[PDB]
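There are 4 protein chains.
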Amino acid sequence: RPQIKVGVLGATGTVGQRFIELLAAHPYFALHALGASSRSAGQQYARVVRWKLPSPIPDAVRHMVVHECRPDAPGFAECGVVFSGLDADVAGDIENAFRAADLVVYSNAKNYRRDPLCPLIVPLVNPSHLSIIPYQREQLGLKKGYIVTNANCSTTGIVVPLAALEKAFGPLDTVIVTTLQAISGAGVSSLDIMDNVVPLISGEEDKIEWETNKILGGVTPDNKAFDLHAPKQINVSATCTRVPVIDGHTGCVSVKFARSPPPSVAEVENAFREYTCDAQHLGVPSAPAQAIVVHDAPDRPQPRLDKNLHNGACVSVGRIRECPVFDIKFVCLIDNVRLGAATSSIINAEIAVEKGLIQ
Amino acid sequence: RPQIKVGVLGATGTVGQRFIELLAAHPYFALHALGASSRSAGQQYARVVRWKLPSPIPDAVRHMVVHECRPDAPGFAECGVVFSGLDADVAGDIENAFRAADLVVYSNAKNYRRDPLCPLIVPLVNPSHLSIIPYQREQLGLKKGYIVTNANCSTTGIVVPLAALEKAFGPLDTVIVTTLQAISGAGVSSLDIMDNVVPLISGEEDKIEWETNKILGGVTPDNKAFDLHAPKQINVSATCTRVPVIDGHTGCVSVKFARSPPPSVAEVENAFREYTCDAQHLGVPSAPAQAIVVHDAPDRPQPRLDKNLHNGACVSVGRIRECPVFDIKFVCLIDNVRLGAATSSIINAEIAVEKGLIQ
Amino acid sequence: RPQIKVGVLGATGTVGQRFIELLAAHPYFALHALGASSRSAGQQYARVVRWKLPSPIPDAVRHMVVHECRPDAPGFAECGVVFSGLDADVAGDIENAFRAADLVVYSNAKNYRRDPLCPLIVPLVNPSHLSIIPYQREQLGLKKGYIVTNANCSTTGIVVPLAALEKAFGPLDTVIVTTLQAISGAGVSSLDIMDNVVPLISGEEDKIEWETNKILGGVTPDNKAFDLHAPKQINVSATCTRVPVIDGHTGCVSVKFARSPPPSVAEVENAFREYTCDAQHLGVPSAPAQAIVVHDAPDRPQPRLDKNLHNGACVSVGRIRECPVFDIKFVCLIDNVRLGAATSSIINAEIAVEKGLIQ
Amino acid sequence: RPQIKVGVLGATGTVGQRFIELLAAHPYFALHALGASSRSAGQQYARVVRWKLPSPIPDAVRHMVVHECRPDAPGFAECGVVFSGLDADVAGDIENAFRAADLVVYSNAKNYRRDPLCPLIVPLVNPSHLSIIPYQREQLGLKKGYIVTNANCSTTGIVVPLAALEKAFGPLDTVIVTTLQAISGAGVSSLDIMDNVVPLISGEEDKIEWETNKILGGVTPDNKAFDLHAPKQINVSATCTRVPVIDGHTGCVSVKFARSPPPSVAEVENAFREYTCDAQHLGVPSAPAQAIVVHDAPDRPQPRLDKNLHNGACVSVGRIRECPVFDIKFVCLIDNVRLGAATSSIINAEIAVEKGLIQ
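Protein chains in written order, with this note's numbering: chain A, 162 to 520; chain B, 162 to 520; chain C, 162 to 520; chain D, 162 to 520.
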């Protein structure tokens, strides 16, 4: 009910735009400080942005002035959380500067994802990893500031179903995944992709392979480290492709469980339907009512058909069936528009509010 | 070398059109009898066909008259081989009628693929399976007639690389594959597929999973049966998807070898480059000079870029690399236009000519 | 306001399905009689239809039974209006039979469009042409029955802007138009259209060229004939193409006015913004609040961006500028999903209800 | 037969890459000097270029060193012709510097297209305009150097058919054209164009409208000026759109002839079939055997089907028919891959070699 002033870095970029759209409509986060390039600084948001979203620029921000991306620019020192939609080329130094100036940063860049003090949180899976924040502060000589990184959409679309499986049936041994990723990802030139498939997305396989164990793992009982799902880490092998689709990342997944016997198809269907997470239990405003939708039709999910599901649902799965090689295989879909980078970072921040990590 | 009169069933259909294009240009097979529907019978090919191919209708056939699809229609009794581009709904009874009338049938339908006397041949892999034909004849009380089925393009695009691996490194234990299949497959409505992915192609996974062991297996020493790669059958798990691409089936493949230690990346690259098969050794006219092309670029092959390769090459592979879970993973591509159903069936027939199974 | 029982012919077809969806949600038209093939007759809608629409089959109809397409089949004699989504191959005799049995028919087939007693109505342009209906009845010895034909989507996307021009600036002399039509039209196979343009849509140019003068013309003062915009008919030349787009028909239009001097760009923009039509004035339930949207951006409208406009708006225009050859040129767009055949026919019927042509 | 050393400016850009591909394969033009940015100068082509073409970088150039874009950089003073694939932002000063240093420049920038001494040549239409070159030299105090500009692909696809009409039936009065332009030749992001139409291509209409008269016009009998098709200039009005198609620019054209009566459809078909131009008569190596293909099928040409035509043909037309408004309308297609900027510039140069304007 009392407002919390927030910042958006990279405000003119597409992620920044979405942050702005969602935060204007938010029940307690209040847009207070926008950061963009040196070329845009000093201009009003409305005049410098190339607004690429269906609905129009909100009134609250039309006449807000974009500033340089530093912690001592106008408004930023009063922000209780600063959201970052910056590209990795510039995000590292800047996000570090905001944190060094004792501000709280929710990032979407790669720069801090593997940092051993910085949580990498998929909000529908591992918000508990906020427990390491005090130790991050202490180690930097900070009282208030820290960094949390949000995961990318293809990783999210995979680990959410995996988390539901681990919660219901215990740890996973082995995971194989092939992705078919839409172009909203980011960009991709039409020449590269039309009437084609590009079987490489650089860095993407390695992200899924490494990050899955961080995200599905825990924090050590002392709250000073990530266990990365040790001692027995999940074996993950990915192949990531790009397809000529605007929105919707599809994943084809095979799973082997550590425990025997493996569940039946029906038990796996139920595990997905029933899955509920901390963020829903805390009742944060941006959490969906339904975490995973199970499709019964044999040819679903499909990215173009199964966007904007009911109950705010953002991940879905289908074609759940036996795998002659492992235990179970299936197809999953993430609506990377609804559960994009901005939405994930916001839900993460809402949870930090509930835990008293933000004022 | 002396001409061999041939038939084409389903001549007005797309597969039939291709058969006609290729056979008109062929050094010894001579188009002699065309079969189409009861609605087209008696008319000249040129007036009934909706010719959907880039180049024009050949001269040899413009004024040929299409007949009913039975073995006693005009011309068929004199054909040394009858090629079938029929859909499965009608192909079973008709192909059986032709064989029963002591004619030789090279089919692309599913009906006879699992028949225990009928070889299922990918011409660049297992033409040796022709050894069971005398037994097939004997069992049907036939002196001349028999059925051979050609495999589909997605199966072919996968098993050709697999065969090269088996020839070089011995039998395979486990294979996981995700396909991204173009629409030339067949049809698919633009509404179903534009800006989308359809993660089911009915029957396709089951075909790849079963047929792989028949094709990569052998014939028993008595030449009366297929061993289906028993006792140690390959474990295959597939997910097959459709993508909005006109031509080119892409496969993402992970492989575990039966033998230890597994080969290095460089050894696998060589196994692919060097692979040569019976059809090339026999020098049949339609066989390619190069069976598999290895792409060195980290983002290749791509269906739109890597069609119409040099040396008549039809299958390529790329992104050959270690798999954290199995031994090796890679991406493969089949040019389903160049190595389509018609081309495969023809090459099969050329080989049967070299072995004296056709006059 | 009191309910009016309605029929749908071609109910299992895609247009029929849309009629059903819309009429189930309608404030007074009540689905009463469904017609489909002789093969489906006697079965329940839910069991015979291949429902191809995003949302599910409505409750009101799940258990309704389909009948033969004749006026004396069950339910039809009590219908106050019968909607036809039949294809032209069968629609003529059937629609005539319904009319001959003194029923009211709103057709989407070509068969009656040029009939000199049957109005061809674009509901946002020429519902006044209902004035000829008493004469149509009198000439057929009918007290209640008649036929009105609805125009198609590409014609509608062009004539709506033309009408706004005529209302504001008087009659048009000359019109040249190229269309870029989406595939929702209906379907088109992916093979025909992906990565391509098909520069023929059979019958489509001829319809635009002839129908425009009927639709933008008047009814003679005696209410017995259409003047077809005589003596000074509009000269229209069209080329109609299909493009690989799911929804949205785009038109590139050049116009010469009869009157001199021609209006300025700004005057034309206002004419479009301000345009309001009989259907809005009557407040029929299915009419939009805004008839034409004007886009100010130099690169708009675009079919993918400008669907589902605010205020129920269905037609938009942009790039309004001088034509070095004629007077004014522009780009228009019709959302053929929102303002499709079924919607147009229904709006037409709502207007006839307001004028007392239906009980 | 003796080699002619050539330069390429903008060698790392996409047009530059194509120039390089084609000139490596050319029977007498020999790649001698490459120009790129100050940042790339001194490095080898292979190490600085982001090579975006299907086939690999040729051997001849892998180890060639790029230099600054000035006439006194290494190699340039010995080039007999310098090809420019530079963007207009920089091209003006640079191309002028090369010419001022007495070198010959074939440009694809806009800068010199309207210059009253510089021919704007579509090689299949107006190479006669080389007659003004001596006057261009004289006016600049130059003995050897000059500039010629090549026209773009969409202009070319239109004016070639127009030229055939003028040669056969005399001058044109009026032309209206809507283009549907593929994404090849520029770039376009997949987000802008997938499942969409972009009805603006900036500068493109203006070019077609102005350039058509220059190109179809003549040079004055004194060889000092372009008549720009005066005294009676062609009235041209264009709308240019972008569609989601990789290759092939399609044009929908209506034409009014100055002379009466206008030709019949059959006469127009023959005019197109029979058209042959100076470049073919001279037998330059890169000219096609057939200048325009006429398609008889009612639904042709189509960009995806009618690329790589026989006889090296690059422009085709179809749907030739009466226009109710003007005289004749039709659909045209240019294969902008085969007949792109680089190819057009090269053919132009080949013609200048035959006329002795190059050593």
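The hints are simulated quantities; they were obtained by calculation from the structure and are not laboratory data.
One thing to keep in mind: the hints can contain errors.
Same chains, same label: a pair holds when it works inside one copy or across any pair of copies.
Here are the simulated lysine to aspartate or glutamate pairs, EDC-like style, with alpha carbons at most 20 angstroms apart [as the list claims (entries may be wrong)]:
1. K393 to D220
2. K417 to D263
3. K385 to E483
4. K385 to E327
5. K166 to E299
6. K166 to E229
7. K213 to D460
8. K328 to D460
9. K166 to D467
10. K271 to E327
11. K213 to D457
12. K368 to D460
13. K417 to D334
Going down the list of hints, with the structure as the test:
Taking the shortest Cα distances, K393 and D220 never come within 20 angstroms of each other, neither inside one copy (52 angstroms) nor across copies (48 angstroms). Taking the shortest alpha-carbon separations for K417 and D263, neither the intra-copy value of 44 angstroms nor the inter-copy value of 50 angstroms comes in at or below 20 angstroms. With identical chains, the CA atoms of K385 and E483 are never at most 20 angstroms apart, being 39 angstroms at best within one copy and 33 angstroms at best between copies. In this assembly of identical chains, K385 and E327 lie within 20 angstroms of each other by CA distance neither inside one copy nor across copies; the values are 23 angstroms within and 49 angstroms between.
In this assembly of identical chains, the alpha carbons of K166 and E299 never lie at most 20 angstroms apart, being 24 angstroms within a copy and 69 angstroms across copies at closest. Taking identical chains as interchangeable, the C-alpha atoms of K166 and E229 lie at most 20 angstroms apart only when both belong to the same chain, with a minimum of 18 angstroms there against 51 angstroms between chains. In the homo-oligomer, the alpha carbons of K213 and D460 lie at most 20 angstroms apart only across protomers (12 angstroms), although the nearest pairing inside one protomer, at 32 angstroms, exceeds that limit. In this homomeric assembly, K328 and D460 never come within 20 angstroms of each other (Cα to Cα): the closest approach is 27 angstroms inside a single copy and 37 angstroms across copies.
In this homomeric assembly, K166 and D467 never come within 20 angstroms of each other (Cα to Cα): the closest approach is 35 angstroms inside a single copy and 33 angstroms across copies. In the homo-oligomer, the alpha carbons of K271 and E327 never lie at most 20 angstroms apart, since the shortest distance is 26 angstroms inside one protomer and 40 angstroms across protomers. Only between protomers do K213 and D457 lie at most 20 angstroms apart by alpha-carbon distance; the minimum there is 15 angstroms, versus 35 angstroms within a single protomer. Taking CA atoms no more than 20 angstroms apart as the test, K368 paired with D460 passes between copies only; the shortest distance there is 17 angstroms, against 28 angstroms inside one copy.
In this homomeric assembly, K417 and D334 come within 20 angstroms of each other (Cα to Cα) both inside a single copy, at 6 angstroms, and across copies, at 17 angstroms.
In this structure, the earlier hints numbered 1, 2, 3, 4, 5, 8, 9 and 10 are contradicted, and the remaining ones agree with it.
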